[PDB]
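Take a look at the letters that make up each chain.
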Amino acid sequence: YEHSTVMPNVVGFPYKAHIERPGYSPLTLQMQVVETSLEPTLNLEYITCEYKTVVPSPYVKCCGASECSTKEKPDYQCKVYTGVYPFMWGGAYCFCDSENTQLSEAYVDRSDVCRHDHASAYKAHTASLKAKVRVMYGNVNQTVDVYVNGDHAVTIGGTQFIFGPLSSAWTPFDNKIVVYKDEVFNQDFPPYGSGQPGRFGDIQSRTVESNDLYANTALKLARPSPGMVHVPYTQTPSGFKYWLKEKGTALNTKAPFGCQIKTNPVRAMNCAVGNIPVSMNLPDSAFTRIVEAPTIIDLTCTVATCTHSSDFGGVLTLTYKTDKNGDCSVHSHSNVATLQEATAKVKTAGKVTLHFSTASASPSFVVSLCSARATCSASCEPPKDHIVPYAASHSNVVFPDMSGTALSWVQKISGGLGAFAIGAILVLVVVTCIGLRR
Amino acid sequence: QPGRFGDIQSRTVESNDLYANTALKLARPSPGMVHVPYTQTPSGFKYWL
Amino acid sequence: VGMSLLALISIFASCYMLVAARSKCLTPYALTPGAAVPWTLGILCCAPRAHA
Amino acid sequence: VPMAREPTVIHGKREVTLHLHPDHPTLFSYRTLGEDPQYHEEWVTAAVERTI
Ligand SMILES: *[C@@H]1O[C@H](CO)[C@@H](O[C@@H]2O[C@H](CO)[C@@H](O[C@@H]3O[C@H](CO)[C@@H](O)[C@H](O)[C@@H]3O)[C@H](O)[C@H]2NC(C)=O)[C@H](O)[C@H]1NC(C)=O
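Protein chains in written order, with the numbering used here: chain A, 1 to 438; chain E, 1 to 49; chain X, 1 to 52; chain R, 1 to 52.
By construction, these hints were calculated from the structure, which means they are not laboratory data. A couple of the hints might just be wrong.
[Stated by the list, open to error] Result set (DSS-like, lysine-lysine): computed pairs, CA atoms no more than 30 Å apart in a straight line: (1) A:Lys-254 to R:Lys-13; (2) A:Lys-384 to E:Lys-25; (3) E:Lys-25 to R:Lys-13; (4) A:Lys-123 to A:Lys-176.
Generate coordinates for the entire structure from the input sequences, incorporating the hints supplied.
The following block contains the structure:
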């Protein structure tokens with residue numbers, strides 16, 4: 001027997017689905033969403049790590065001259081300075097007094113720990129959602145792992161389920177991502193090959209294991225002081241370190257809807273938004289024949305108390321008349337109220353009690369026990385406490401019933417004024433028609 | 001109230017009775033040690049000072 | 001506020017309807033020195049209570 | 001690493017007043033998990049009170 005329904009994407013919400021097949025006793029299903037996971041698709045763009053600049057020992061060809069030659073190193077710098085008269089620990093060599101030359105070189109390379117301490121830049125799109133849900137009915141428990149798109153069906157004890165695509169298409173990960181350790185940032189990194197000194201991406205590599213490197217740190221060399229051998233340079237500090245110092249914020253503490261970011265792989269877990277459609281298919285062994293189910297006639301509903309709190313705060317009593325004692329499947333045919341349980345024991349005494357939760361001052365809903373029916377209407381009072389640590393178990397509707405006290409007063413006042421207006425119109429039209437008849 | 005003035009009070013200096021409310025909460029000891037951990041809000045008298 | 005404005009608008013309109021009806025029903029009698037017809041004089045509150 | 005003491009909470013009308021008693025500079029952050037959050041994070045040093 002094919003069936004379909006819709007359930008909210010809120011962790012811990014005790015969704016109950018009610019299936020009524022005309023030839024068999026009604027059945028009630030309990031479903032919950034134990035865990036979710038919104039995993040995006042990643043295209044690694046490049047990697048960054050702190051740089052390390054290497055300075056080869058200066059070559060002083062003295063009483064002679066040298067020539068500078070180019071090489072292929074990232075950000076290579078080399079120069080020749082004339083007129084050097086160096087000194088050493090014993091005494092100044094290069095005895096040819098003033099015709100000397102020093103050749104300085106410098107070039108940059110990735111740090112030693114670039115494979116242990118680095119930041120990645122990604123482009124993210126097309127999220128895929130995964131879920132883990134609990135199903136109960138009849139006498140079968142069990143939680144199962146499901147892909148949420150209309151392309152995975154999992155069988156639970158003879159029943160087949162399919163979870164349709166998410167109603168909304170909201171994803172917290174922006175178009176461009178920067179990942180470090182276990183933190184995700186909505187940053188806009190500069191493209192490959194166009195970094196700037198002193199900021200993020202001053203050196204860039206395609207991957208951690210690659211050979212090439214593109215570095216741009218404005219490395220400059222200065223003529224050495226007289227009587228020294230020290231090859232001075234100047235260079236703006238590592239961009240990665242200052243990005244570390246002033247990255248600013250994160251996503252783990254800024255994502256909406258209260259969903260936790262993690263890493264390895266990047267994902268957003270338990271992230272409350274939207275609705276999940278469910279398409280079912282059931283075998284004939286799941287139901288029960290009418291003949292063995294109890295018969296319930298003359299169903300009446302009363303409400304003991306109501307209290308629109310987060311926990312189940314209303315007690316409801318049902319009176320009936322039955323022939324034999326057994327089991328029935330309670331349900332509420334509206335979302336204004338949510339019952340706690342999905343089964344009840346019916347006995348010859350004739351009275352049963354249930355717990356429900358609401359969020360409106362005056363609810364009015366129809367409750368069914370096995371195949372019977374009844375209407376329940378009640379008045380509710382506010383809760384006195386201010387803060388609680390467990391989430392809402394009602395579906396959060398506040399518009400009252402049309403028979404509620406507030407709408408009763410509105411209706412009475414509107415009726416009085418409308419009747420007065422109709423009387424006015426009748427008087428004026430009567431006078432006009434009397435004027436015409438003459 | 002714990003954490004402010006008057007978390008510990010005595011009727012007089014020599015009084016045997018004492019009223020204390022500091023939210024002293026014990027914890028489960030870590031594996032392989034004998035140290036009886038606890039946690040407790042600092043004295044309110046020093047913060048009043 | 002919306003409900004209050006609707007109520008006031010409705011009540012003022014209906015009162016205006018009664019006023020216009022009384023003017024229409026009483027202005028012909030204000031052009032002839034005739035009887036006020038005690039039967040309608042008591043029913044509808046006109047300017048002359050008993051003065052003709 | 002150590003764990004700082006639990007703060008003291010006071011319940012209010014949609015507001016929570018919170019007493020903080022640190023021993024060394026700790027990090028304190030919070031967010032409202034609605035549709036549009038209230039981002040915030042701070043480095044508390046000496047004993048303070050916050051309202052959230
Ligand atoms: C369907 O299966 C799930 C998991 O197998 C059942 O949930 C489990 O219910 C038992 C009994 O209620 C829990 O054991 C108790 O947990 C409390 C938690 O405070 C603990 O204090 C007790 O000492 C005892 O261990 C168990 O934790 C719970 N499991 C989970 C993951 O929540 C569920 O009850 C089954 N359905 C039915 C109708 O029994």
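- Given pair status - E:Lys-25, A:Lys-384, alpha carbons within 30 Å: With a Cα-Cα distance of about 28 Å, the restraint between A:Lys-384 and E:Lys-25 holds, given a limit of 30 Å.
- Query: Between E:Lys-25 and R:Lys-13, is the straight-line Cα distance small enough, at 30 Å or below?
  - Reply: At roughly 28 Å apart (the allowed maximum being 30 Å), R:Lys-13 and E:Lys-25 satisfy the hint.
- Message: Tell me if the straight-line CA distance from A:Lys-254 to R:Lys-13 falls inside 30 Å.
- Response: holds (24 Å)
- Distance restraint between A:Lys-123 and A:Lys-176, which requires alpha-carbon spacing of 30 Å or less: holds (5 Å)
Hint compliance for this structure: no hint is broken.
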